[PDB]
Amino acid sequence: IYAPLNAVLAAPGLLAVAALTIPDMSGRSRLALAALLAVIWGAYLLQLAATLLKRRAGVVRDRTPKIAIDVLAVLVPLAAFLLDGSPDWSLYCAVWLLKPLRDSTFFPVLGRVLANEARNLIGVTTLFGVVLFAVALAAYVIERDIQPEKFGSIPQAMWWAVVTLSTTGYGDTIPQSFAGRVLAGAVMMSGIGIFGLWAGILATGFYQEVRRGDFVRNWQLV
Amino acid sequence: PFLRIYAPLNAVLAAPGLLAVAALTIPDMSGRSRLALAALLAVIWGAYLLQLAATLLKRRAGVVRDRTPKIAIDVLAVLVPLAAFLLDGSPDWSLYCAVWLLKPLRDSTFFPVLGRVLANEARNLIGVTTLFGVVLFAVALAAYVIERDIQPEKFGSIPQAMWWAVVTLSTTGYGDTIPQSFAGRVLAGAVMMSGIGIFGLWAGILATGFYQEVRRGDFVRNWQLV
Amino acid sequence: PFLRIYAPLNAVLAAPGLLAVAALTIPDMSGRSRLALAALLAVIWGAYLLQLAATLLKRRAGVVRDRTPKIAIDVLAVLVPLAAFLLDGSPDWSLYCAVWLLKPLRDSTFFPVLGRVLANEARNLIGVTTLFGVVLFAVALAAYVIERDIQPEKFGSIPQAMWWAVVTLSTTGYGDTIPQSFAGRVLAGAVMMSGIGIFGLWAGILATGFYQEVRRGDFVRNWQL
Amino acid sequence: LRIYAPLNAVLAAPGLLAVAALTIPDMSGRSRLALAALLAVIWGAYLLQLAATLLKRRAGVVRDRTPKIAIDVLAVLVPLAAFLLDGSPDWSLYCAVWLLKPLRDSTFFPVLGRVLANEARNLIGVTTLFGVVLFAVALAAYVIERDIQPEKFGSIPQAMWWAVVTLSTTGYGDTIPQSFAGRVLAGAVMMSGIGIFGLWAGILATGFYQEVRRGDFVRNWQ
Ligand SMILES: CCCCCCCCCCCC[N+](C)(C)[O-]
Ligand SMILES: CCCCCCCCCCCC[N+](C)(C)[O-]
Ligand SMILES: CCCCCCCCCCCC[N+](C)(C)[O-]
Ligand SMILES: CCCCCCCCCCCC[N+](C)(C)[O-]
Ligand SMILES: [K+]
Ligand SMILES: [K+]
Ligand SMILES: [K+]
Ligand SMILES: [K+]
Ligand SMILES: [K+]
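For the protein sequence lines, the chains are B, C, D and A, in the order given. Quick note, the first sequence lines up with residues 9 to 230 if you use the deposited numbering. Quick note, the second sequence lines up with residues 5 to 230 if you use the deposited numbering. Quick note, the third sequence lines up with residues 5 to 229 if you use the deposited numbering. Quick note, the fourth sequence lines up with residues 7 to 228 if you use the deposited numbering.
Hints in this document: simulated from the structure, not taken from any laboratory. Careful, some of the hints might be misleading.
[Said to hold, decoys possible] Covered stretches of chain C (in silico footprint by chain B; criterion: 3 or more residues with CB under 8 Å from a CB of chain B, positions within the stretch not fixed): (1) 20–34; (2) 109–115; (3) 134–140; (4) 211–217.
Just so it is clear, CB atoms sit at the ideal spot from N, CA and C, and this is done for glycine as well.
Using the sequences and the accompanying hints, generate a full structural model.
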């Protein structure tokens, strides 16, 4: 109740956005949730004024990202109220998803962790892509004839690929062949490998963040 | 040899205790078994009562040690199930014996270690959670807009799209809500890749947390080694 | 795979062995194949009989050494499959040849390292395991009370919720049991979220465990060079 | 911008999409031809790429460029062979050799090589552990579930199908143990899965960490 200011306001606000999309809402509740949005919207309008008009920070600073979150929090929901006539106007209040990211740290840290690992992270992604395509290609050739409706194309087998490789596994597409299921099992295993490859990179990324502070204060110790 | 001999004493009693709770929830339990499982609970409740006195009657052991988390579990382990026995009349009373879940926790170590790992990395850990929540909603919002019309039974509301989103993003995928349209399936794929991304984030923070835990012992090792 | 043909000689034989055990369980196998697969088992078992005699008879290798686990695997590999062959009349005898699952573990350099990594983390690893059990049960208890009346056959007891709990918490999730009410599904999401939390803990502990093995790899750096 | 400057990786994207596009049933005659023409242009592009990497030798005195040559050679020859040999519509599937093209002119992969090489003994050991456990669990589930479910657990290879599905934590739902004894096993298999995930993650984390130790030795020299 001391630090989470804007993030707390976003909580019922974004829940209210979700509440309006529920079918069979009574006129009372339909308006009550809309009124809830208005109050939360009106709360951010004070917040926008509190940042713009009050100008006691220092001499040299950068506030471009922070103001942008406050600006979009009041303009987009207002533009929806004015321009959009359909009930789908309240979906535009989703811009309040930027609000919890505003006053939270870690995101400047994640920025430089992802920056120091961008070279390696993009590499894992394209590896995932290459593996996905190949894994789908094999599953297509093996299965296309038995299941023309499920494995009839590379895209169709690609659906099975991302589902199986990421180890999500819905169950709507399953290889029926022995040769297919042996491939399937190998996709699942190599999935576990990719899981750990993301974890390996990021753990080395977060380590080198602390290592930067340890060699930063270590060189400062002299 | 050492980890399975030091901790399993006070914590051991919770195992048959918590299984006895789970046993009394099964329908068609014969009176013989019904009473025997209740009798088992009472014995373990009795066993924990002597454990309560052991921490209360013992006044001297060293100089200064904290026993607030240790005694609190010992108190709750005998207070709750007895209060439920007398105040609640329905057979649901023994569900309060689930308080013994705290018994194996602060009986061994690791958890005090886990505490300071979770404390020194709380900034990042809470940040990942809020990233999960934000990505969860945005993804669900998209899934709703894409597939509310085609297949109205699912994805017909943000809540329903959020139900799919958690199932998909956590890479759980029950398979009760699966997008039909190509546009929604590409999104679904993007959710599953970013799912592994979050898995790597949790594993990334905690790997750095437990690493600092050991290197914090070096600050105690550099001061006085031999 | 080019240099690992004549390197794990004792482990390579286990591959066709274990796959034969799997083949003899497939229903409606032809009489010839049934006999041929059983013949393959006896040749591999025969091969281990030479392997046992090679390690038992020959003993001239150094002065100070310890090979208790290595002999333990080889002794079982010839005694157990033979005992079943003689004593078991049912076709299930060939299942006992799964003893050769220990054979790949015999010549691996990895498992000596994994053993001491698990030994260095035993305190933490059992801690994460009990944390899984506690969270499992607590979540099951919650899922039980919520879904009792709505879903009688699928959430009617704690064990039924426990089944859902491991299915959900480990993030397996077949789809056989799912909370139906809003209340239960909010919990469900939190169980899945804590799944990712537990996953990261196991990875965190073990990553620290293998990091400390590099710390242990300062024996040749501080003493030799 | 910088990595997306060489067309090697960029041209592969619409190339591989074109391979996937032709597998789709009920396509328009226009697109069917158009997508093939796109593959021919991309093929000709890689031919020009092949010529540059074969004729230029002025850069440096003595080094190695074997993998890049191998990828450029395979990117033109494999499709060319399919152009000449394959008469069926399956000819365009051989353009999936351009899966080596994103890997070609990109870093991380020289790192991923030595990271796998540094933990080579460890990584295979996890895989063989996975196999042993996979079998042991499948053998167990077979004996417990074979009578009640002959269609699902009637043989070891059938239980092995479940074992990968379950242990890799994919878990479709086409095979689920019924008996209490079988279900307690199932839960225990799911648990041990989380540990194997962590093992892969642990090994690879230690692999990438040791590469950073070498980066400290590389910063010590230069
Ligand atoms: C590399 C290990 C993963 C492969 C294991 C998968 C088992 C293959 C499934 C065989 C089942 C036989 N069939 C046709 C009845 O399904
Ligand atoms: C950016 C991640 C890529 C995910 C790839 C997923 C491809 C899904 C396409 C499946 C086609 C769907 N359907 C029903 C038309 O066949
Ligand atoms: C190691 C944790 C695994 C524990 C999960 C086992 C769940 C118990 C199975 C309950 C289902 C029994 N039955 C037949 C009543 O449904
Ligand atoms: C970790 C928090 C995320 C949990 C999200 C769970 C969404 C539950 C809403 C599903 C809709 C329920 N119902 C019955 C109305 O369909
Ligand atoms: K999973
Ligand atoms: K699943
Ligand atoms: K399913
Ligand atoms: K499923
Ligand atoms: K899954």
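Now the hints, each set against the structure:
1. 20–34: Coverage by chain B is violated for the segment 20–34 of chain C (0 residues, Cβ < 8 Å).
2. 109–115: This one is violated; 0 residues, fewer than the three required, reach chain B with a Cβ under 8 Å.
3. 134–140: holds (count 4)
4. 211–217: It holds, with 4 qualifying residues against the three required.
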